[PDB]
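Number of protein chains: 6
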Amino acid sequence: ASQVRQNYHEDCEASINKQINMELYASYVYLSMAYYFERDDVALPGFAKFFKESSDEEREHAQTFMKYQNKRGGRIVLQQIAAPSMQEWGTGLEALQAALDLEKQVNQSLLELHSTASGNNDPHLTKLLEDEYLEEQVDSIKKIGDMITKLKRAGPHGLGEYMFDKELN
Amino acid sequence: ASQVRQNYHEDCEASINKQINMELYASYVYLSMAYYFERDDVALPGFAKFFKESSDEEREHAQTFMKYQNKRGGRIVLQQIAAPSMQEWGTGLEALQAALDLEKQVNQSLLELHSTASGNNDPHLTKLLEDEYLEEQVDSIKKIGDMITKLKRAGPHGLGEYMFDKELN
Amino acid sequence: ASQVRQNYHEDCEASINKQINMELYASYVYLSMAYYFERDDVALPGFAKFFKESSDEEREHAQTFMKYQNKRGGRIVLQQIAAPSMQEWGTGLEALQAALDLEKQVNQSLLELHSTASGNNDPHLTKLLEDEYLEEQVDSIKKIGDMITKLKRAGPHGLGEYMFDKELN
Amino acid sequence: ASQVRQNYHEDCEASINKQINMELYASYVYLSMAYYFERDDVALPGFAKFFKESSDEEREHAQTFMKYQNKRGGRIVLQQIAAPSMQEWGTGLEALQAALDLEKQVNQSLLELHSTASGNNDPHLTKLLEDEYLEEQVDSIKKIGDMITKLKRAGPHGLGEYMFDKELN
Amino acid sequence: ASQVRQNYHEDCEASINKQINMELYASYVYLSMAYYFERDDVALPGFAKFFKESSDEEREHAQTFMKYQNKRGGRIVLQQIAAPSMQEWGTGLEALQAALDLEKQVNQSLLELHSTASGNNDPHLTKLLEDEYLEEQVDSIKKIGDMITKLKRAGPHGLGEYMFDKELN
Amino acid sequence: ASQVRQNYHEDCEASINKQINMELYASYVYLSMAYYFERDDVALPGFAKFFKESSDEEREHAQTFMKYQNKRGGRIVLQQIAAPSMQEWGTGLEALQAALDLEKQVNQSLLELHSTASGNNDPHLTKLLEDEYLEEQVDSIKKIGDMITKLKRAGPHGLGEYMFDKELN
Ligand SMILES: [Fe+3]
Ligand SMILES: [Fe+3]
Ligand SMILES: [Fe+3]
Ligand SMILES: [Fe+3]
Ligand SMILES: [Fe+3]
Ligand SMILES: [Fe+3]
Ligand code: NI
Ligand code: NI
Ligand code: NI
Ligand code: NI
Ligand code: NI
Ligand code: NI
Ligand code: NI
Ligand code: NI
Ligand code: NI
Ligand code: NI
Ligand code: NI
Ligand code: NI
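Just so you know, the sequences run in chain order A, B, C, D, E and F.
Sequential numbering from 2 applies to the first sequence in the authors' numbering.
Sequential numbering from 2 applies to the second sequence in the authors' numbering.
Sequential numbering from 2 applies to the third sequence in the authors' numbering.
Sequential numbering from 2 applies to the fourth sequence in the authors' numbering.
Sequential numbering from 2 applies to the fifth sequence in the authors' numbering.
Sequential numbering from 2 applies to the sixth sequence in the authors' numbering.
For reference, chain A alone in the conformation it holds in the complex:
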């Protein structure tokens, strides 16, 4: 029996382990996009840098959940990380739309995890989710929505995509 565990439901512990995998998956997707935009035949360095930083953030989200698991006396169980769904991501706009949709799926999963935590009356976990995850997700979704509108205004192809990429760099 873990000496620190208190008011930590096994359903919460399992859902966190599933969420760690999702965060690692998203890290991997953004890493693929990052290097997709450094191909000699794409050469969008601003987009590359945006997705590299996003990739790093997602791995930090995974690590914060892993640390959270250990703090509550849960046990981390790591699974395989699926390959990204694409190898090639299209235009800058198509990648930002893909990222918008991923960020929303992650948000949905975090809200499901918040409801699991509430149903088990775990206010420490609901607080973690509100302060460190749900707020970041909403800011990110808004940021990516702004970027999509801006790229569609400026481009979304050709000189406009070239200009927008520099504001990202």
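A few of these clues could be false.
[Stated by the list, open to error] Computed cross-link-like contacts, EDC-like style, restricted to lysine to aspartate or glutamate with a CA-CA straight-line distance of at most 16 Å:
1) B:68 to C:140
2) B:144 to B:58
3) A:68 to B:41
4) D:68 to C:41
5) D:53 to C:57
6) C:50 to C:162
7) E:68 to B:136
8) F:72 to F:11
9) A:151 to A:95
10) A:72 to B:41
11) F:50 to F:162
12) F:53 to E:57
13) F:68 to E:42
14) A:153 to A:95
15) C:167 to A:168
16) C:68 to E:140
17) D:68 to C:42
18) E:153 to D:162
19) E:68 to B:140
20) B:68 to A:42
21) A:167 to C:168
22) A:50 to A:168
23) A:53 to B:61
24) C:153 to A:162
25) B:167 to F:11
26) E:153 to D:113
27) C:68 to E:136
28) A:105 to A:140
29) F:53 to E:136
30) F:72 to E:41
31) B:153 to F:42
32) B:68 to C:57
33) D:151 to D:168
34) E:53 to F:57
35) D:72 to C:140
36) C:144 to A:42
37) D:128 to D:147
38) E:167 to D:11
Derived by calculation from the structure, the hints in this document are not laboratory data.
Fit chains B, C, D, E and F with the ligands to the known structure of chain A by using the hints.
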């Protein structure tokens, strides 16, 4: 046809893609070990920090290969990342032995990739492998060998493991 | 008999002298392009500056080979430098494509020289070629490939060429 | 018709193009001398450095004429650069005498170009020639004359050549 | 069985041990020359300092091989160090010629060791030899060749030897 | 006849030459011990560093005697340096005991040389020996005696040897 590709054999391009997966796998293994050592019932912070840094290094190795692929005009193909073989890694010594064995497998794979590059007379790739990979691997293997000898001298269990962990921290 | 000469094959010495001429030729080509882009009826200062720096680099490559020749106890034999193939280089894009093709020819010549050095078991020369020439050539080819993709995105004519030129300046 | 061209005679434009080739030729001669003096069996580092700097100056003279051509709305036409007349330049004194004679030929060519510019009543070109070329040539000829006298006093062979070379370094 | 040893052939391990002895031998030779030039009846302090530094370098070369042996999991076996072939080294020129010949023998031995490493497909050892030994040897041989030419110009006896010695100091 | 030689007996000159060899021998022994402790299966970095510094000191002792020989107008005669008696030195304690015994043999040899110098009424040599050698030897013997007592208290094996090694580092 990629505009930059010159003297880059498809066998070299495939072996690099396989090596990227191996590096990502090793990153994942060390990440698991890192958080294993932050469990309340393990609490070896020096070991945790050693494996966190190792995890980061392996992801950098993967990224350098991805960048290398793009520089030569190859195309990155990402696959799934297997789960680490264990969820729990035992003693500090058992983890260092596991890491020693992983580092040697990676070294073997890099030497196989060097032989593929030589057989296809690609001196740019053999040089990359010698300067950025094979040297690091030998230094790492020696470093981990030293650590194992030192932990077996000091411990490898109890107060000795507690003392050795602080030299890692 | 040169007092320093050791394990230096005359075929290697001749191929270096031919490579010095090629490097000087490329310097001259880029010098022509540089001043082509300072014509009152072209006025692409970013392109001018890119080709001026390229011209300087190529003369440095020639000088490093000349110094290398003297270090091994070979003897420098200088030939005439052909006129550039054009007097006028067209658009920024046409010049970058010409430079991409030149850089690849030079790369091919360096790889031939590496094979001559290997066949004569001269590891000092293969090392020179790998560290100081072949790596630079691959980075340059990738850089120019990126620039071409970027100019085709932004332009390649008109306002896009005007914008791209400023990122070069 | 070039939008900037005013009072610029085609004979002046052709003579400038011929003068650019001469300057590039002299650069090449001094570059050969420079590396001749870094041979293991010559080892006169002061002379090497003097001729390297001279080589650089001549390429700057060529570039100033190229820029001048573009400013007046002439068009640069580049020809082949002949090989230096020697591969080996003898003693330090023999090289300085060769350089003295080259500098005087260049001076003669510049004075011919000044007379062409005067005959066509181009005071902008006569001014360029007087301020940026003819003065430099006279100072250079005097400097090289001084050096020859000094080397003949000190040496011109043996310990004297060894001492003089250090005042050049 | 050494825990770190991987792809390290016993022939390579033996040749390294022989090379350590050669490096220590050369250190000893240069140490003898160094103090030979501090004799009251020789008093060439620049030569003394050159050979003292050379002596130190050779001991560093030996130490780098010893460290290399341990890194690969080989075992250092030290033998006796022969006495220098002379007790008295003659003129500064005779010592520089002796050093030139020693440096070339060492270079030959290193090239033999490179061929042993290649024949056993050890790219880590070939890389060590190319980056840390063969390049240094070629620069040293060229440097000593330059010095010999310079001393023969200035002297090689009497006032010229006295002047050259100060450029060494 | 050496112009500086005064009151310098040939027996003193020979004994100094023998003492130079002994000092070089001890340097070599400590160099072997130093790298013995950097083996992957020993990994006692504090001991390595202690013996590396000791090795350096002994070579300085040899050099001070060589310089002394030249100052008095004696002539340095260098002999072969025997291989160290072992290739492997055992435990840290066994090496410190070996070093204690070597330091005492050297001390005995220096005292014999002091008696030779006194018997020949050479107060300059007795002074050298007292100020620069005999005092250092006594401090070293005391230091090594202290270390042995301390290692036997702390260890001399296992965690104690691991702790003591850090006070050496
Ligand atoms: Fe996330
Ligand atoms: Fe790795
Ligand atoms: Fe080049
Ligand atoms: Fe000029
Ligand atoms: Fe050496
Ligand atoms: Fe001593
Ligand atoms: Ni973000
Ligand atoms: Ni599409
Ligand atoms: Ni590491
Ligand atoms: Ni177990
Ligand atoms: Ni470049
Ligand atoms: Ni055209
Ligand atoms: Ni000048
Ligand atoms: Ni002549
Ligand atoms: Ni040296
Ligand atoms: Ni002689
Ligand atoms: Ni000491
Ligand atoms: Ni024993």
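For each hint, the structure was consulted:
no. : hint           : verdict
1   : B:68 to C:140  : holds (11 Å)
2   : B:144 to B:58  : holds (15 Å)
3   : A:68 to B:41   : holds (11 Å)
4   : D:68 to C:41   : holds (11 Å)
5   : D:53 to C:57   : holds (14 Å)
6   : C:50 to C:162  : holds (15 Å)
7   : E:68 to B:136  : holds (14 Å)
8   : F:72 to F:11   : holds (14 Å)
9   : A:151 to A:95  : holds (14 Å)
10  : A:72 to B:41   : holds (7 Å)
11  : F:50 to F:162  : holds (15 Å)
12  : F:53 to E:57   : holds (14 Å)
13  : F:68 to E:42   : holds (14 Å)
14  : A:153 to A:95  : holds (11 Å)
15  : C:167 to A:168 : holds (15 Å)
16  : C:68 to E:140  : holds (11 Å)
17  : D:68 to C:42   : holds (14 Å)
18  : E:153 to D:162 : holds (12 Å)
19  : E:68 to B:140  : holds (11 Å)
20  : B:68 to A:42   : holds (14 Å)
21  : A:167 to C:168 : holds (10 Å)
22  : A:50 to A:168  : holds (11 Å)
23  : A:53 to B:61   : holds (12 Å)
24  : C:153 to A:162 : holds (12 Å)
25  : B:167 to F:11  : violated (59 Å)
26  : E:153 to D:113 : violated (46 Å)
27  : C:68 to E:136  : holds (14 Å)
28  : A:105 to A:140 : holds (11 Å)
29  : F:53 to E:136  : violated (27 Å)
30  : F:72 to E:41   : holds (7 Å)
31  : B:153 to F:42  : holds (10 Å)
32  : B:68 to C:57   : violated (27 Å)
33  : D:151 to D:168 : holds (10 Å)
34  : E:53 to F:57   : holds (14 Å)
35  : D:72 to C:140  : violated (35 Å)
36  : C:144 to A:42  : holds (11 Å)
37  : D:128 to D:147 : violated (28 Å)
38  : E:167 to D:11  : violated (59 Å)
Comparing the model with each numbered hint stated earlier shows that hints 25, 26, 29, 32, 35, 37, 38 do not hold.
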